[PDB]
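Let's start with one chain on its own, the form deposited in one PDB entry, as structure tokens.
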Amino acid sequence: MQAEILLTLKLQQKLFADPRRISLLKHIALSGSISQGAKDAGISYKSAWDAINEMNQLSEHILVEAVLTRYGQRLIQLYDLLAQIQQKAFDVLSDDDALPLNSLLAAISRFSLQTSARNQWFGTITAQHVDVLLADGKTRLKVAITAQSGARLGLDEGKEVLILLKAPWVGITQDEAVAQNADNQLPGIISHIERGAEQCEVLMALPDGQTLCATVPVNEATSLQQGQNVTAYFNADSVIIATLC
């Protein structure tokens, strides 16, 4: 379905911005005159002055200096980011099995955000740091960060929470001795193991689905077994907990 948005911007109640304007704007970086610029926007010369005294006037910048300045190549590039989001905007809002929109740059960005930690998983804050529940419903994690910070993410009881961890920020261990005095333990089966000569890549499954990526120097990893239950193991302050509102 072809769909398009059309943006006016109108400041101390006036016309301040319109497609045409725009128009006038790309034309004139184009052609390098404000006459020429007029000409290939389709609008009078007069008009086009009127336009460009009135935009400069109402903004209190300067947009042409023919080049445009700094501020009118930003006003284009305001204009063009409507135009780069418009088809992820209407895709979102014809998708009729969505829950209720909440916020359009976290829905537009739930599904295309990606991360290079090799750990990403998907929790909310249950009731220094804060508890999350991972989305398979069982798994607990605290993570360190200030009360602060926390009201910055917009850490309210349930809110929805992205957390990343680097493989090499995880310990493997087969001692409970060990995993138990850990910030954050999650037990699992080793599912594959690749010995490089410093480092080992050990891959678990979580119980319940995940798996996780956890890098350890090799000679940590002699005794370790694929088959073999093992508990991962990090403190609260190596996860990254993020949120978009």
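Numbering follows the first chain given and starts at 1. Superpose the two forms; the largest set of C-alphas matching within 1.5 Å is the rigid core. What changes on going to the form deposited in another entry:
Looking at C200, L203, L186, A41 after a core superposition between these two forms, you find that only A41 has a C-alpha shift of 2 Å or more. Core-superposed comparison between these two forms: the Cα of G171 travels less than 2 Å. Core-aligned CA deviation for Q120 between these two forms: less than 2 Å. Annotation for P217: C-alpha shift under 2 angstroms between these two forms, rigid core superposed.
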Given for the second form:
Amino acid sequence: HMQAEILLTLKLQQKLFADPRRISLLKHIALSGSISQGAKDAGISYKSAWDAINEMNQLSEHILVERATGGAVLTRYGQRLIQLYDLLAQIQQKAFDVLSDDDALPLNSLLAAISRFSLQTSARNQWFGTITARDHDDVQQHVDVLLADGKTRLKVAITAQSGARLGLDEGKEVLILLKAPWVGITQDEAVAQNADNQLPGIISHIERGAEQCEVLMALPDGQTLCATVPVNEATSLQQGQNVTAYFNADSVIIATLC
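The form deposited in another entry, contrasted with the form deposited in one PDB entry above:
Chain only, nothing else included.
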């Protein structure tokens, strides 16, 4: 790791609205209770502090700082700006970490940012992919999805109507939500071959309990698959070996932005 230092500049009406120094000023105003001590604490003159505050008020059409009921306090909008800025900065810092350690998902994608940094589901699989052209000339009641390698195919059961409401045409980004107990793991291709979906991979981790065994497997694009299988059936399974996961097309829920 090498953490990046993030500097954002927000502009409104083609004018500088908020940069690092202005946000620092607003924070020090919140911490100190005054414009004069806050300016001193932020390293800026009193005049330049009021010059910023006045311009920020005019541009945003809101009041950022007010006298307290006297000290200076941040208003609802002043606090909302600091929070928006700091959260946006945090998204960039997290995105930079993803650049640094790498992954197969697009880094320009909103859904992929949502999946990596915000969304958590009880289903232990949450895979990014994209809708692709159907793989047959006849219309069937599912959509076809490519994983982030742009090669690994999956089919998901859905109605034409449902598909239309969610905008599922070629290229639409989606997440695949799939519970782990609904994913089988096998060393017998024929067994997987009677399933709707077959996803080859290598076991990355195994954990056995009394009734169930958890298997984690790297998908071909680097995403992780999680399957829960009855302990009796996981008896031969072992880390580092070749395996195919399999599941039905109607076991998946698609998530997507509309």
